[PDB]
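Below you will find one chain, with nothing else, as structure tokens; this is the form solved without its partner chain, and questions on how it binds or moves follow later.
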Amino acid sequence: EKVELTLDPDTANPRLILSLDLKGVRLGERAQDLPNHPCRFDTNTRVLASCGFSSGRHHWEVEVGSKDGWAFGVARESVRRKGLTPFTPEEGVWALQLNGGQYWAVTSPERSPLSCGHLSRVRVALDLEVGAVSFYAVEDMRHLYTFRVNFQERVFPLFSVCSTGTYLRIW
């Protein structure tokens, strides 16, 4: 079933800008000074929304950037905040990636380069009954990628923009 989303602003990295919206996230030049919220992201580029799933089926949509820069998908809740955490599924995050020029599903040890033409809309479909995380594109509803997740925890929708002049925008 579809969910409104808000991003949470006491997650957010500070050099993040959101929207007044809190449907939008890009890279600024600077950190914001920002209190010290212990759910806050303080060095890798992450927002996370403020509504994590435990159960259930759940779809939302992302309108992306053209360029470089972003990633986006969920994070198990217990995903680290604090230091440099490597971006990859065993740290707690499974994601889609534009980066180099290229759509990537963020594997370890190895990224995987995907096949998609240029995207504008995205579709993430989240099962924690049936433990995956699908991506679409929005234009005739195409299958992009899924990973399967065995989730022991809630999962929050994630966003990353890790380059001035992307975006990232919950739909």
Contents of the next structure:
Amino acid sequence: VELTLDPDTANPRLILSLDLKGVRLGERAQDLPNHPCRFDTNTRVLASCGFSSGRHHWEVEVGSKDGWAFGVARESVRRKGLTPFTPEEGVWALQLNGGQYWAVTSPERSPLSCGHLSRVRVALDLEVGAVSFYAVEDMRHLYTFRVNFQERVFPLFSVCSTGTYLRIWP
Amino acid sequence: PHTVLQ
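Let me have the form solved in complex with its partner chain next, following on from the form solved without its partner chain.
Every chain and every other molecule in the complex is listed next, the one we just looked at coming first.
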């Protein structure tokens, strides 16, 4: 059973693919019910499956243009109002912005000298407490956040500009 | 600026 994006969490401006694998940002807000689990301001969506224990892999195909960030979020990530996109808010992610790849550390993001990215493998380890990112062509390490996760952790996707996308690949 | 909603 492979991951799919959870439409009930998705910001109403996001457009999810029919197969629930891909996400881009739309030009209008869909008329969707506001549900406590739905991100109402930040351009985020979670997968429908979260993890409380064990080790897990998934892969994310990434657009070549700016606008995306992806990784994992603690389930308690704030859904309502404009919120920071930071580890303190329970978001551990890579981001493409200004033509540069970043690990979204705080208060300053960390630039990654990894070269062009096409698909990224995410390795989540809830037994030791880490989430790691690898570029699939050679499995070169991109970044590892070491976190003592204290709750369920969900795959996280965010697209805040048109002209880029993220897609779960399995 | 363009990423405030990320």
